[PDB]
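Peer 1: The chain contents come next:
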Amino acid sequence: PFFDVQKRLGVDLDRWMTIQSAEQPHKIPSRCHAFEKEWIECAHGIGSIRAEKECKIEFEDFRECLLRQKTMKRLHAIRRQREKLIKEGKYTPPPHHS
Amino acid sequence: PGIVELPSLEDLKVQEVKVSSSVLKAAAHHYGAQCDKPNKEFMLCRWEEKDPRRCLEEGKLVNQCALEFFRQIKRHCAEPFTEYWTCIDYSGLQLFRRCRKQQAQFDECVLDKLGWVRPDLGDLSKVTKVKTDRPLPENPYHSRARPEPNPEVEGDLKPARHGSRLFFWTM
Amino acid sequence: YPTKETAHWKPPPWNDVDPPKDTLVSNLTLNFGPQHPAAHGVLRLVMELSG
Amino acid sequence: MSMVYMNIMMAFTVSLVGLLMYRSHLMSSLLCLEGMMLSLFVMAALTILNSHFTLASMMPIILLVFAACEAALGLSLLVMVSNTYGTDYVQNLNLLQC
Amino acid sequence: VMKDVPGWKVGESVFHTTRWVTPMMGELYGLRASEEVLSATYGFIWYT
Amino acid sequence: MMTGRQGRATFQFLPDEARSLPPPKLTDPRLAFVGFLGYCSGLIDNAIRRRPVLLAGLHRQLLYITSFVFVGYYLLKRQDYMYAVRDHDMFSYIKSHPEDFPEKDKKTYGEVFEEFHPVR
Amino acid sequence: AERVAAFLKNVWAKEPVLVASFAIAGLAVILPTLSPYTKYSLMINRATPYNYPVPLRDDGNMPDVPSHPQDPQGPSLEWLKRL
Amino acid sequence: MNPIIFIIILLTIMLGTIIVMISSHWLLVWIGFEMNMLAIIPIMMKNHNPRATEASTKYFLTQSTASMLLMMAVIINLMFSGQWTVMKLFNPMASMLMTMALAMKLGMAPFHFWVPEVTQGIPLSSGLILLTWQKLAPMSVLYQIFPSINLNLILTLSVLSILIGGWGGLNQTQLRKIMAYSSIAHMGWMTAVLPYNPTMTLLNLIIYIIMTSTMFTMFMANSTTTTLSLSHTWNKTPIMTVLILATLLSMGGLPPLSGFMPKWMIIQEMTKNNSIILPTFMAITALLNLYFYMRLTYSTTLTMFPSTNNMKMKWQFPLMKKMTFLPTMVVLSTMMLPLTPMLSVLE
Amino acid sequence: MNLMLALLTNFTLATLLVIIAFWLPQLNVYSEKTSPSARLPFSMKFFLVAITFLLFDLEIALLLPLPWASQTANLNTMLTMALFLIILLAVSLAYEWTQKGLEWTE
Amino acid sequence: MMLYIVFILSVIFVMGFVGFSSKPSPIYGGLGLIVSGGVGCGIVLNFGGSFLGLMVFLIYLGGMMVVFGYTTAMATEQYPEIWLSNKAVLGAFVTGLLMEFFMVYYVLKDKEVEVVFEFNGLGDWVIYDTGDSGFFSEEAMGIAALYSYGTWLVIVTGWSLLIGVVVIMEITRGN
Ligand SMILES: CCCCCCCCCCCCCCCCCC(=O)OC[C@H](COP(=O)(O)OCCN)OC(=O)CCCCCCCCCCCCCCCCC
Ligand SMILES: CCCCCCCCCCCCCCCCCC(=O)OC[C@H](COP(=O)(O)OCCN)OC(=O)CCCCCCCCCCCCCCCCC
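Chains as they are written, first to last, in the authors' numbering: chain e, 1 to 98; chain X, 1 to 171; chain D, 20 to 70; chain K, 1 to 98; chain Z, 97 to 144; chain d, 1 to 120; chain b, 1 to 83; chain N, 1 to 347; chain A, 1 to 36, 46 to 115; chain J, 1 to 175.
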């Protein structure tokens with residue numbers, strides 16, 4: 001905050017909703033709770049200039065959980081390869097998968 | 001990145017409890033009292049390990065306890081129990097309060113023939129403590145080592161040397 | 020710095036008020052008859068309304 | 001990103017272009033403004049729902065409430081313009097040129 | 097399927113961490129019939 | 001640059017560590033100038049309201065001087081605190097990173113060669 | 001007083017709907033702070049188990065934590081059965 | 001307006017800005033802008049004429065478009081970081097959108113066209129709020145996200161604002177249009193130094209507000225809104241012409257006046273970062289503003305324009321406008337350069 | 001699926017009834033007849058009732074979660090904020106009422 | 001094809017937007033937005049946002065858009081020009097549907113397109129969560145928390161709505 005009145009007065013006006021790994025009703029966890037926790041703890045206290053370099057592994061995993069860009073790339077490759085072989089009759093789906 | 005380790009299909013094989021949800025609902029209160037120990041060990045494992053691959057042995061013991069629990073009912077109390085869960089199954093919401101007469105017949109049977117006492121209101125929601133030999137996981141999140149904090153600034157605060165030192169100002 | 024593209028420009032009003040000359044016609048005129056002609060039938064009422 | 005985001009982001013872009021390219025009716029431009037909010041509401045809801053960010057579930061409601069209140073203010077100004085000139089044409093709002 | 101794809105490692109993780117990650121719907125039902133996938137994805141939302 | 005200081009007690013005009021610094025002297029020339037500005041504001045107040053500039057409302061002129069001097073005193077305390085903190089941070093960093101601030105082995109002019117550029 | 005009572009008479013004669021509205025709203029704001037059963041609403045909401053009760057690892061010195069659900073230790077719902 | 005309602009509306013304008021300034025959550029920042037916009041529209045409409053309605057409509061359209069772009073940036077930031085904390089943004093597209101949204105709210109060039117028109121169309125007191133208090137919230141946001149701002153974008157907006165503000169003011173005879181272009185030009189200085197030292201952004205903002213507040217207050221004291229109506233002041237309140245002269249020279253950045261201080265401190269910070277060309281260009285271009293400030297001083301204080309006969313009737317009555325804080329503001333607007341090191345209180 | 005089928009069926013039938021309501025009279029082949046923007050002027054009052062409905066309707070959006078909100082452990086906070094919302098809804102009405110925002114006389 | 005319900009709805013969502021963004025007569029502009037809103041709610045429902053979806057219908061369609069149409073009738077339009085009977089309106093509409101058609105073509109064929117962001121065309125179902133067996137609606141729990149966690153949000157949101165009533169009465173009085 002520009003003026004950190006919340007910290008001075010010790011009153012929580014809007015921090016409770018800033019991150020998804022904060023306390024939730026009925027302890028419902030967000031899908032990426034573990035990744036966000038690990039990134040936040042890695043980067044805590046060291047400042048953003050250092051964090052952009054020293055917590056890159058945590059942030060990359062957190063970003064993968066959020067948007068699943070690399071998971072979808074790997075699924076698309078398998079599906080693309082699979083339909084190629086089914087066209088050429090060099091592969092047959094098993095009984096399950098059908 | 002590494003190769004995700006997965007158990008073999010044979011390692012995952014167990015005798016399942018192939019009964020319907022109305023059967024499970026009808027037996028749930030006695031099942032919760034009788035099979036508490038293996039169930040609570042399994043749940044302690046799942047929350048501590050945070051990995052289903054690390055609790056497969058405890059998960060199998062959950063099935064075996066359940067199967068032995070239902071074999072006891074099939075052995076001494078099948079007819080009262082069958083009547084009870086057939087009433088539960090009729091309701092779209094599987095309501096307990098519609099079948100108190102058949103519940104009483106089943107509860108009376110298991111108390112006489114097995115000694116089972118139905119847990120009271122609130123009992124099954126207690127937090128309990130479980131004995132276990134599985135050691136407490138050390139790094140369940142597989143966290144890397146944390147970055148080192150910046151050196152602390154310490155010492156006594158002294159006035160600035162020759163003041164602000166802004167251009168020509170002497171203070 | 021006057022130019023050909025600002026020749027038509029004029030200083031604004033001294034008190035910032037432009038006259039209201041555009042559209043102000045709020046009085047409806049209604050030729051009013053009875054909803055059902057069973058009883059009155061032959062009443063024509065030229066009414067001027069304001070809301 | 002997932003495929004749905006492409007279309008929701010297109011909808012925001014379309015309504016933004018519609019907002020910045022006026023015709024005559026001031027009303028037609030306010031609708032584009034409300035269209036922008038609708039696409040924001042949908043994109044926010046999809047992100048929050050899919051991630052199971054529980055406490056953020058209330059955010060789309062606050063967005064809708066504040067944007068509707070701002071739309072009421074916009075409609076009130078349009079009515080005052082229509083009272084002055086008898087139409088909501090934006091070409092009559094050129095007094096301040098000088 | 098990926099036997100002859102060059103450079104492919106079978107079962108490789110996309111995360112740096114070796115921690116268990118809950119799979120998403122595509123990872124579980126990625127290679128299956130549309131009926132089962134449809135039931136798993138929208139069955140609850142579409143039930144009355 | 002100093003927004004995230006490790007020992008920044010946030011949103012505090014004068015944190016407690018500032019009490020270790022000597023206070024501004026009530027005869028500080030900067031405080032005297034602040035009082036003078038207050039006196040000028042009092043004269044301007046008379047002028048714009050067409051009262052006799054020097055004599056009118058001496059009570060009002062006094063409150064102009066007092067309020068400027070009063071606010072000026074605390075602003076100087078913070079000013080001196082912020083420069084003390086800047087120096088404290090600078091010297092701590094230099095100590096923590098001696099490899100970045102080496103003492104130079106510095107020669108006499110008898111040894112260093114400087115080119116001569118005649119002015120003719 | 002009696003000025004106050006006269007004023008309440010004039011509104012009860014002219015604006016009975018508003019008198020009823022302010023009376024009902026006033027009870028809504030006052031009675032909860034005075035009711036003795038308000039405390040039970042909080043207790044009942046906390047006795048409803050939405051989540052699984054994760055067991056604790058028994059270090060060996062938690063006397064007040066039951067080992068089995070039917071053991072005497074732990075919070076009771078006896079007050080709720082009677083209420 | 002009912003005076004109590006006018007007070008509540010002003011307090012809500014302030015509350016919206018305060019919410020932006022204390023919020024750690026992007027949604028609360030957005031709410032603060034929404035609350036602020038809602039409360040300021042009535043004060044623009046309060047004199048009920050077609051020009052005030054046009055200005056209110058133009059302002060509403062500009063601010064609402066900006067606020068939708070701000071929300072778009074926040075949501076994109078959520079998608080790529082999963083959090084709402086007011087801090088550096090985690091996506092370059094979100095950064096560009098928020099920077100443009102805040103530039104639109106500030107009236108920076110080339111998003112500037114609304115500032116001259118909206119200021120001209122509203123009363124002087126409303127223009128004072130628009131050109132001073134309304135800058136606080138967008139600046140407070142820029143102050144917190146600057147590490148993620150594209151350097152070329154923010155410097156481009158700054159250069160254009162200084163150029164457009166300087167050139168736009170040259171062709172003006174209306175006081176409210178002059179102050180609008182002066183505001184645009186001064187905006188470019190604040191953002192130009194932001195990447196290097198945000199503290200000097202705050203210094204320039206504070207001094208700009210004080211000088212602008214002084215100018216509007218003196219224009220309100222005599223109910224002057226044009227150059228020629230201001231040229232009568234010498235024959236009514238001579239002291240006001242001297243005060244106007246000092247403030248205009250200060251706004252021109254002339255030593256030894258207060259307005260030189262922000263220009264002086266910004267040049268220093270940019271040169272420490274090996275930015276020589278840009279501060280030199282900015283300093284030279286600022287001479288445009290000095291020119292149309294000096295033109296005002298010529299018609300107000302340094303010469304005597306023709307008066308009217310009916311001005312004699314005004315001699316018999318006193319100034320009864322409040323002119324709140326004017327003696328203090330005019331002194332701070334001119335005589336603060338010797339206290340320049342006090343800028344460290346902003347650190 | 002069922003809800004989509006129901007909505008499709010309901011609006012499909014409504015559509016068929018509408019078109020046959022428009023075509024069936026053409027069986028008669030009735031004779032040809034050969035014999036027949047801007048303000049309205051709109052009253053400000055009718056605009057202000059619509060706007061008031063909207064602002065009141067937005068406050069109702071905030072009150073809809075009340076049945077779920079009562080399940081919380083922090084009942085004192087929940088009850089305080091619930092009554093706060095309804096009271097501000099009443100204060101909006103009181104302000105409208107006492108400035109003659111609810112009148113129909115010109 | 002039912003497994004791409006979300007994508008199909010989002011295509012209709014964009015088409016409705018191109019509807020009112022080409023800005024035909026305000027009467028038909030409101031119709032495009034109403035259809036887009038209804039489709040928008042449909043997309044939110046299929047992500048598990050039942051309460052959020054119904055809010056769109058109740059508040060956005062049954063509230064805000066009713067007032068827009070009300071105001072359009074009184075202050076703007078009384079009869080409309082035929083939709084797509086104007087050069088710019090039709091050209092804008094054609095342009096929008098061509099851009100939408102090509103985005104849809106490449107995303108389906110290459111299973112991926114790239115404009116500012118990278119988009120994947122496998123199907124929106126692939127990102128869904130595979131673990132659900134709680135005895136409540138998470139969305140409802142989050143919204144209900146407004147009154148426990150969100151005290152500050154309620155105050156400022158409540159204040160803004162009250163000020164909205166005051167401001168609009170000020171604006172429309174005319175003196
Ligand atoms: C007890 C009552 C309650 C109020 C008490 C408050 C008093 C303090 C407030 C400030 C007032 C200072 C005293 C002002 C005296 C004015 C007297 C006056 O007006 O008479 C005029 C006098 C003689 O002039 P005359 O000969 O009659 O005519 C000449 C024609 N040209 O001309 C003069 O001789 C006037 C001389 C100039 C006035 C003195 C200048 C003071 C400068 C103050 C500097 C401030 C520095 C602050 C630093 C503080 C730091 C700690
Ligand atoms: C402290 C370090 C920093 C130093 C920076 C410089 C500080 C000075 C700036 C202070 C702020 C400006 C206020 C200065 C006070 C001005 C006082 C004054 O000029 O007298 C006003 C005079 C009175 O006119 P009247 O109403 O008829 O009263 C007759 C009196 N018996 O009115 C008139 O008679 C009209 C005069 C005709 C116009 C003359 C124009 C030239 C004015 C020269 C003074 C302006 C100085 C400002 C520029 C800075 C100079 C360095």
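Simulated from the structure, these hints should not be mistaken for lab results. The reader is advised that the hints may include incorrect statements.
Heads up, simulated EDC-like pairs for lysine to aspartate or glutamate below, C-alpha to C-alpha not over 16 Å straight-line [stated by the list, open to error]:
(1) X:158 / d:115
(2) X:101 / X:89
(3) e:73 / J:132
To give an idea of the chain J side of the interface with chain K (calculated C-beta under 10 Å), a few residues [as the list claims (entries may be wrong)]:
(4) 1
(5) 3
(6) 20
(7) 32
(8) 48
(9) 49
(10) 55
(11) 67
(12) 71
(13) 72
(14) 79
(15) 98
(16) 123
(17) 135
Don't be surprised by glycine CBs; every beta carbon is placed ideally from N, CA and C.
Peer 1: Give a verdict on every hint.
Peer 2: Structure-based check of all given hints:
1. X:158 / d:115: Outside the cut-off at roughly 43 Å; violated.
2. X:101 / X:89: Given that 16 Å is the threshold and the Cα spacing comes to 15 Å, the pair holds.
3. e:73 / J:132: This hinted pair is violated, its Cα atoms lying about 25 Å apart.
4. 1: Result: violated, 14 Å to nearest chain K Cβ.
5. 3: The hint is violated - residue 3 of chain J has no Cβ within 10 Å of chain K, the shortest such distance being about 12 Å.
6. 20: holds (5 Å)
7. 32: holds (8 Å)
8. 48: holds (5 Å)
9. 49: OK, holds: residue 49 of chain J within 10 Å of chain K, min 5 Å.
10. 55: Holds. Min distance 6 Å.
11. 67: holds (7 Å)
12. 71: Interface hint status for residue 71 of chain J: holds (5 Å vs cutoff 10 Å).
13. 72: holds (6 Å)
14. 79: violated (13 Å)
15. 98: violated (12 Å)
16. 123: Result: holds, 7 Å to nearest chain K Cβ.
17. 135: violated (15 Å)
Violated hints for the displayed structure, listed by number in ascending order: 1, 3, 4, 5, 14, 15, 17.
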